[PDB]
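Encoded as structure tokens, the following chain is the form solved without the ligand, with no partner shown.
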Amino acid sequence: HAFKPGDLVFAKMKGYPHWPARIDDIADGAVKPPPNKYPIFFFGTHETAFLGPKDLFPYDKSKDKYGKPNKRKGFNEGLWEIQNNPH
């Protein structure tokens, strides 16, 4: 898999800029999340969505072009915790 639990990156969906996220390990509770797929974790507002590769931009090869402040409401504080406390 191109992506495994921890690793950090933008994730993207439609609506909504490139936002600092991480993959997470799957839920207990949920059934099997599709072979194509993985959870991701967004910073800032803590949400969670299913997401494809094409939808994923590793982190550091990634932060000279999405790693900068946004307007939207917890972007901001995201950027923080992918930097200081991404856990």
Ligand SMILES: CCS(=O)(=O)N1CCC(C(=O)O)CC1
Contents of the next structure:
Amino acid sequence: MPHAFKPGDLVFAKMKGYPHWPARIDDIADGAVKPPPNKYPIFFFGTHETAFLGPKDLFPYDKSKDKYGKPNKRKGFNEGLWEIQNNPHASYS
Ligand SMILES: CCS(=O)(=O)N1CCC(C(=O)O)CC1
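Okay, that is the form solved without the ligand; can I get the form solved in complex with the ligand now?
So here's everything in the complex, that chain up top.
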């Protein structure tokens, strides 16, 4: 049975006007800006951008990859696919 999301979990993350995007739940570093309540810091692979999202927009990677894990034309998407599959826990700073 599922637990709540935790730092290191891999997902496709959905934001308005974008295809479901490979991403991970990030840690918050000491001294770093915390997300609003009920929100998680989401690091998007490929673009290397962060946004704050709630669970409604977070699709666990293993379950969803056969649907969402396909090449897309959008900038940084295919880079993103490589990273989630090949080094999802690396530093991309
Ligand atoms: C979600 C795909 S993305 O990595 O291109 N990026 C789009 C702009 C987003 C924002 O509006 O905050 C951050 C995420």
